[PDB]
Amino acid sequence: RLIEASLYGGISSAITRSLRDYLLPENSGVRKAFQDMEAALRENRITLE
Amino acid sequence: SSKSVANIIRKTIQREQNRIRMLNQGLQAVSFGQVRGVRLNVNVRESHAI
Amino acid sequence: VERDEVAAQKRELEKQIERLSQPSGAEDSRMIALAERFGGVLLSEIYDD
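Residue numbers (the deposited numbering), protein chains in the order written: chain A, 199 to 247; chain B, 1236 to 1285; chain C, 644 to 692.
There may be inaccurate statements among the hints.
For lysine-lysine, the following BS3-like pairs were computed, each having C-alpha atoms within a straight-line distance of at most 30 Å [what the hints assert, rightly or not]: (1) B:1238 to C:658; (2) B:1238 to A:230; (3) C:653 to B:1246; (4) B:1246 to A:230; (5) A:230 to C:658; (6) C:653 to A:230.
From the derived model, a few chain C residues whose C-beta atoms are all more than 12 Å from chain B [said to hold, decoys possible]: (7) 648; (8) 650; (9) 660; (10) 661; (11) 663.
Label pairs and their computed distance ranges (CB to CB) [stated by the list, open to error]: (12) C:663 to B:1251: 33 to 39 Å; (13) C:677 to B:1264: 46 to 52 Å; (14) A:245 to B:1265: 58 to 64 Å.
Read the hints as simulated data drawn from the structure, not as lab findings. Positions of the beta carbon are idealized from the N, C-alpha and C atoms, including for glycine.
Looking at chain A on its own, in the form it has when it is part of the complex:
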């Protein structure tokens, strides 16, 4: 998308729609703590099912 938008020129519609998806990096720190803390419950629930 980046390359071809540059090739034809103009304000790309697709880039404009998903602006946050392109310009912001995804951060794992906020998440993995809670995945590990959540683990004991997840396993228990799956076992019960």
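We have chain A already, so just place chains B and C on it with the hints.
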């Protein structure tokens, strides 16, 4: 719990805002016809701010 | 006996994984609160990048 999570979220938000602000300065005073500058405007949604 | 020994290895592996989790993997049990209770920042977090 609680406050510490809020602090890490706030610091991440602050760092992203600052980096964007740095990128933003490189684009000042670019002349394209009648356009004279470009910016990436970053804001925080209310429903999440509260 | 084989079951229990493998269980011991699995417990060690989870404990090792858990130490590397969050927020910037460290002795997270108390260190996060200790980091904010003074006007300071965790060194390992400064060297995250």
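- Query: Which numbered hints turn out to be false for this structure?
  - Reply: Per hint list: 3 and 12 violated.
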